[PDB]
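Before any questions on how it binds or moves, here is one chain, the form deposited in one PDB entry, in structure tokens.
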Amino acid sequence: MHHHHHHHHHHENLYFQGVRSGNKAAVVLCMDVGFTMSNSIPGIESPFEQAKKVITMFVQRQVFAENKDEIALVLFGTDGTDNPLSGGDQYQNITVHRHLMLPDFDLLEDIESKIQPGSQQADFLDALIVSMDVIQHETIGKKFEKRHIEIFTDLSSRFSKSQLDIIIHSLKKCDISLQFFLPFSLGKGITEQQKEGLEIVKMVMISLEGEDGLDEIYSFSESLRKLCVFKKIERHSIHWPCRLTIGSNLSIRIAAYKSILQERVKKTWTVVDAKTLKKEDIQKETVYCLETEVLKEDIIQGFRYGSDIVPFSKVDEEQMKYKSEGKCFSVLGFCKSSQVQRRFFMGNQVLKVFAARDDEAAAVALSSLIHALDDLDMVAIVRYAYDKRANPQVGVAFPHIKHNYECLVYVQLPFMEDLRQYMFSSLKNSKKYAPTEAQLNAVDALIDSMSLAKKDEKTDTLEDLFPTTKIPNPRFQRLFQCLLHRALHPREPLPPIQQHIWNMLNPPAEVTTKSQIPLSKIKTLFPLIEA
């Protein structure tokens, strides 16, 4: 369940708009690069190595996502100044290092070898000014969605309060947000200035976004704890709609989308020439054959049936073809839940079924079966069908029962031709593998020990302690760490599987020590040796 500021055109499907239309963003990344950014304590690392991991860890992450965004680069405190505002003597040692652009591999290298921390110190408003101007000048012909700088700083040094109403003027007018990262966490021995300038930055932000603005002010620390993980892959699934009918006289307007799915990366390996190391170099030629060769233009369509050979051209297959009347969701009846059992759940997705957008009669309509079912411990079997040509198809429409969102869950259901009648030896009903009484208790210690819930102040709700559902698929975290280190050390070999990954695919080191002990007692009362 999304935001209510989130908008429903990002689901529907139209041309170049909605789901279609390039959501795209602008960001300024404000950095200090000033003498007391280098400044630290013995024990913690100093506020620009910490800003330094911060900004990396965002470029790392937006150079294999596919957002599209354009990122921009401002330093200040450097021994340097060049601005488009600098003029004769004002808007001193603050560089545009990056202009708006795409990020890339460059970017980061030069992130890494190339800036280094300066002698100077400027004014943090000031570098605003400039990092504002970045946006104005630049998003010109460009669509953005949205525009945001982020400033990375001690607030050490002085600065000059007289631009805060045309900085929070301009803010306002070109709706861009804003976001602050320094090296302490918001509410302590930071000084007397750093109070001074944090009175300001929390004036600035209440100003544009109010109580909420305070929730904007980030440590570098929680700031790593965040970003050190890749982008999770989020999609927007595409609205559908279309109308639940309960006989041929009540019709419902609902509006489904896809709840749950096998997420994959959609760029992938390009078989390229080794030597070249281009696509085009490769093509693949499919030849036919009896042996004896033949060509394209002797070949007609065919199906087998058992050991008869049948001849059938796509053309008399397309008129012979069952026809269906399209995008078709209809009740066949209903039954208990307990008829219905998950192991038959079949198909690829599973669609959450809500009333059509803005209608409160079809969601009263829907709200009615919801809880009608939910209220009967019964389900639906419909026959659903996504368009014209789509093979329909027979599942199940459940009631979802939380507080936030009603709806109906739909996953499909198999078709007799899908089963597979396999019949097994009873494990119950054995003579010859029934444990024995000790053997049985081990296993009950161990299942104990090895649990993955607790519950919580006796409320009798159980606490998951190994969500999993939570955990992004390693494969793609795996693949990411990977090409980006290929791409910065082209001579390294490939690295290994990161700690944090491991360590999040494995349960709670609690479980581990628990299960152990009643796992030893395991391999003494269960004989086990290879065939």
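Positions refer to the first chain, counted from 1. What changes on going to the form deposited in another entry:
When the chain shifts between the two forms, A361 and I217 travel apart, each with a separate rigid block.
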Contents of the next structure:
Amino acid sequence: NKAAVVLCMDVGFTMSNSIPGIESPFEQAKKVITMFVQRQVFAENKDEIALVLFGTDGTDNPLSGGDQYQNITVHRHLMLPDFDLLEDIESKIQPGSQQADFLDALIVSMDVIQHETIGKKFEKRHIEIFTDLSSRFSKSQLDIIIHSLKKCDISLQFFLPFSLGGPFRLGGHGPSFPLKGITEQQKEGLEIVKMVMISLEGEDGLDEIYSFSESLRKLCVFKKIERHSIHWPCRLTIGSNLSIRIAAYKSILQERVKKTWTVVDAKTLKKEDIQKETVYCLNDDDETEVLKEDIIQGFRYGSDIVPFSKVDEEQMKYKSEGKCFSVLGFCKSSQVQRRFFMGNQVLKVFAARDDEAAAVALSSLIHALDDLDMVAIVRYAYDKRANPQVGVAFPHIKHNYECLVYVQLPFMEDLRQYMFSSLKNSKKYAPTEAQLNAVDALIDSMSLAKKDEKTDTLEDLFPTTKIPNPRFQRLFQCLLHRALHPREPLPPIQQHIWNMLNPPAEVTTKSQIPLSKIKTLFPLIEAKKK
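Same protein, different condition: the form deposited in one PDB entry was shown, now please give the form deposited in another entry.
FYI, this one's just the chain on its own, none of its partners or other molecules.
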């Protein structure tokens, strides 16, 4: 429902070491943090955010008592983020000249969550650290640190200049600073970070360590504070004597902008100053107006015009029993092709929460369909109001959970049987042998996968479903830009965004020659006639 987050940033001397053309850790981390704070601000959540900085010249934190935890500053205390936070991040906060103990920074970060979440109810407490692990630090508080994170249910994530698992492109797909290019001090710091994450998360803890570069092209910084989805209760029925309590969640659902643009007067910049009046007139010539007390509702039936009031339509209107998830039958999965998928969502269906009997029952169905290579064709209706849908429910068996995946199928009235000329049997467009080989070479050069780490596994080199929809952070950059600089026009798209929307530089480079052969083998010219 709400979450408490502490961004623990490293602004120590080393964070500014600028590589000829390659952004410094400080600037990279600064972009990641802005990315996170922007989304929290413009989405208007209730999450509370604090910002701790370490490696600063001064010292200002509630633990300095006794010349300890020096050069650690709590720049912002726990409270809703705002435009003043973003501005500081963008303009006020400067790089430091010192170096602080990063585990000490973490302790101060934990303190903020422990002393300030006081009374307030937070479902989640989280700490994100951004550092280059350049300096020395103490390891005497390790057990203390882990014991408090677990007991206080505080999760953790790390963000570094290098990945954990050539031309550098921020947010791109391909670079991997070899763990050899890092100093020895950094290798020590990294081992500790690894140990900590493994104690807190286990094997998957390694997955919570990111490079600033990859962070800019993921939603990982929000990962531990994401709004959990709402469940939909219902019974999966087979006949009228077999019911199975289930709960559905939406797996895929297009994310959309929430804030709408309000049209306002260019002078008062107020909404009340604007008003819209929609008038009616005889569409045919002699544009004569008509009063609202003379217009009725109607529909077209081909060339016919049929008056049908909303009152009459309300009663003759098709009406259903209501909510439901009824099996109509089962068929071979082959008879259901993905190209026929409909709707704007995917639903995962599980057994009702905490109902073992329902779970076993559903598990029976899932495995039977899987073992029979079949699927269920069902009637789905959100509620008594929603138009009912026919759809498919297919088995989804994993190691952590099992479920049915629901996707709507089409109604006959949704289909279009456009015939298209055959291309295989083409006596006009069949490619020559050379053209086929050029395309064959193009496809190999531009491969977006690779059987790496030799395990017969396919490594996707350009996994687009992990990349965030660019329109959002683009919108945020603009909204913020207009806020902090009203007279300035909108800024151009940030390069890292472009860098994440393009394939690995490796891919682009390999295709050049092949693309060149294709340009000469396949003549292409724009029509002048017809």
